[PDB]
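Asker: Following the hints, complete the assembly by docking chain D onto the known chain C.
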Amino acid sequence: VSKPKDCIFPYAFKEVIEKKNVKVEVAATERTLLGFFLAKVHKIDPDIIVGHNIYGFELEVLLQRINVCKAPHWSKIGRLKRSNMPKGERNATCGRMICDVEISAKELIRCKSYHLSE
Amino acid sequence: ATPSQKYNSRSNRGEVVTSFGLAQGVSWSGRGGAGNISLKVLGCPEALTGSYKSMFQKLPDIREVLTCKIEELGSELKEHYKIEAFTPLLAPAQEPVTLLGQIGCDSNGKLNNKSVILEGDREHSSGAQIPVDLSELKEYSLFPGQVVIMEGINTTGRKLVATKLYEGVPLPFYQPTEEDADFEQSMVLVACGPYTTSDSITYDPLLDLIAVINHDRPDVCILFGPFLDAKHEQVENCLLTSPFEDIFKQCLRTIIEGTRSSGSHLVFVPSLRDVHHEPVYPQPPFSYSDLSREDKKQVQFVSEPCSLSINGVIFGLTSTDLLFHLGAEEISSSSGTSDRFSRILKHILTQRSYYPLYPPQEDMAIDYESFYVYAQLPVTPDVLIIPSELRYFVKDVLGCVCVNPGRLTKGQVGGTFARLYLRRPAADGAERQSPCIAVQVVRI
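Protein chains in written order, with the deposited numbering: chain C, 586 to 672, 680 to 710; chain D, 155 to 598.
Just chain C, with the same shape it has in the complex:
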C-alpha cells in the first residue's frame, strides 16, 4: 500500500501494523510500491498471472502508472529484458501467461454480469 500526495498515512500505522503481524509492506511513493511489485514479480517469477478485468482496465493502468513515475525495470513484469514499452498489451508480459477470470468466466458460465462482484 502507498499513499496519494495530499494524504499522509495515519499515525502509528507502521507500528499498529507490526502489532497484528501482517505482511503489509508500506511504500511512500506510488513509484516505490510499483518498483516493489516489479521486484516481487522478478523473484517470485510467476508463469501465469490471474486477475480480474486484467486485459480490460488493470493491465493497462499499471503499465502506465509505471511509465508515468518511470519505475525501475517495467520489463520485469515480463521475462524478456526490453528497453522501450509499447502502448502493446499482450506483448507486455511476454513469457508470462495472463489468466483473465472475467474472460474465462464468460466463456465458461452463464451469469447476469461479469463484474467481480457477481
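Calculated from the structure, these hints are not laboratory results. Be careful, since some hints might not be right.
Stated by the list, open to error - In silico DSS-like pairs for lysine-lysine, Cα to Cα no more than 25 Å straight-line: (1) C:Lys588 with C:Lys655; (2) D:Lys564 with D:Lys403; (3) C:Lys608 with C:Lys625; (4) D:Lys313 with C:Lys672; (5) D:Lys292 with D:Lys313; (6) C:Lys704 with C:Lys672; (7) D:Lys313 with C:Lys704; (8) D:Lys318 with C:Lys672; (9) C:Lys590 with C:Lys608; (10) D:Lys232 with C:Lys672; (11) D:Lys292 with D:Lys500; (12) D:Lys236 with C:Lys672.
Answerer: Coordinates of chain D only, in the frame set by chain C:
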C-alpha cells in the same frame, strides 16, 4: 370585410432594409431574358424528378444511413486532420483518445452543456453511447446530430472529458470551367412565401411581387413555397370553397402569366407547408402541365432542397427553416460576442447535408432513405438561400454568400425579398473571388 387592410396601407414599401457587396443605387435591373441564361440542375443523381419511390421506411436502413453519415464525414475528417485511429467510445484508457461520433441529447428536451452525449459509429463503437464532459473545453459549438471528432480522456469508459473539438471541414467550392467566365452579369431575384396576409386570401403581396418582377426585369426569380400555406387560417379550417389542387394552379398561373413580358426564368421551390404537395422532405418538384411551348422555356420546377447552377454560379436551395431549427437546439461556450447565426450556418457548410440536425424539428417529416441521395451538398455553395422566420440578413461565410430574404409576408404585415447581382471575374489570383458581387434585401 377588411382583409389585407394593414398590408396595403404600408409606407415602408420598396425600402432597402439591408445591403451587401458593393453599394448599388435603386436602379436594380437585369437584361430580362437577353443573352445566354444557363440553368442547370445540380447535385447527386439529378436531384429527384418524379414523386418518389415510396412513403414507408425500414428501420434497418435509417440505421444504415445515420451510420454512413458519421463514417463518411469521419473517414474524411480523419484524412484532413490526419489522425491515426479513433478509439471505441466504450474502451477505457488513461491516455487521451480521439473518438468519432455524433452528438445527441440524453432526454426529450433542449440539449445543454450538461446532458450532451456522443453516440459513436457502428464500424468502431458498434453504436455505443457515452455522455460527454465539457467542463474542460474552451471553445465549442454543438448541436444534436452534429458529426464531431472529439479528443479527451475516458478512463472508466463511462464518460469522456473532452479536451478538443475538431473544427468542422466543408467541401471545396465549384471549379469554374473556362466557359463560365465567359458569361455576362445576371440578376437573380429571390422570394419565399407565405404570399398572402394571414387574414386574407388576396395574395396581394403576390401581385406586388409580380409587378416588381416586371419593373426590374430579373434574369431568374426563384420562388419559395408555401404558395398555399398549410397554416393559413382559412386553409386549415377548410372554409375555402375551392379545391386545394386548383387554388394552387391559380396562383401558379397568375405568376407565370403575370410575368410573361418580363422574360425572366421562373424557378419554383416547393415547401412542406404547401397543403397540396407531398408532405415529405426531401420533396419532389411541383406538378403542372398547363404550359405553352412558350412558358416551358421560361419556367422550371425543382425539388426541395436543391443545388442549382445559375451561370456556373452554384446556388443552394432549401425551403425548410433549417436555421430556426438548428438554432433552437445549439450550445456554445460564448455568448459575449459571437454571431449565433454565422455559426449555425457554419456548421451547415461543414456538415454536408441540407438538414443535418437530427432528429429533425417535431413537425418536419423526413425519409432518410431519400435523404441519403438527394439532400447532400455537392460542393460548398457559391450562394446559399436559406429562408427563415428569422430577420433578414446576408453574411459571407467560409466563402459562401448565405442569404436569408426573410418572408415576403409576415402575419398581417409587409415582408421582403432580395436580389443578387452576379458575374464570375478574372480567372487567376488568390483563388476565392466570390462570383456573387452584391445583394440587397428589400421590403415590398
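Asker: Please go over all the hints and tell whether each is borne out by the structure.
Answerer: Quick rundown of the hints versus the structure:
Between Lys588 of chain C and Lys655 of chain C the CA atoms are separated by roughly 17 Å; this keeps the pair inside 25 Å, and the hint holds. Taken as a hint, the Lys564 of chain D and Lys403 of chain D pair is honoured in the structure, with Cα atoms around 23 Å apart against an allowance of 25 Å. Among the hinted pairs, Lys608 of chain C with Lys625 of chain C is consistent with the structure: their alpha-carbon atoms are about 13 Å apart, no more than 25 Å. For the suggested pair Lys313 of chain D and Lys672 of chain C, the alpha carbons sit about 21 Å apart, so the restraint of at most 25 Å is met.
Of the supplied pair hints, the one linking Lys292 of chain D and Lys313 of chain D holds, its CA atoms being roughly 18 Å apart against a limit of 25 Å. In summary, the hint linking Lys704 of chain C to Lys672 of chain C is not supported, as the alpha carbons are separated by about 32 Å, beyond the 25 Å threshold. For the given pair, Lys313 of chain D sits about 23 Å from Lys704 of chain C by alpha-carbon distance, which is consistent with the 25 Å threshold. Between the alpha carbons of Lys318 of chain D and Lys672 of chain C the distance comes to roughly 22 Å, so the proposed pair stays at or under 25 Å and holds.
Between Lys590 of chain C and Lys608 of chain C, the direct Cα distance comes to roughly 24 Å. Compliance with the 25 Å bound is thereby established for this hinted pair. Note on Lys232 of chain D and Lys672 of chain C: the hinted pairing holds, with a Cα-Cα distance of about 21 Å set against a maximum of 25 Å. A hinted pair counts as satisfied when its Cα atoms are at most 25 Å apart, and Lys292 of chain D with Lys500 of chain D qualifies at roughly 18 Å. A hinted pair counts as satisfied when its Cα atoms are at most 25 Å apart, and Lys236 of chain D with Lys672 of chain C qualifies at roughly 20 Å.
Checked against the numbered hints above, the structure violates only hint 6.
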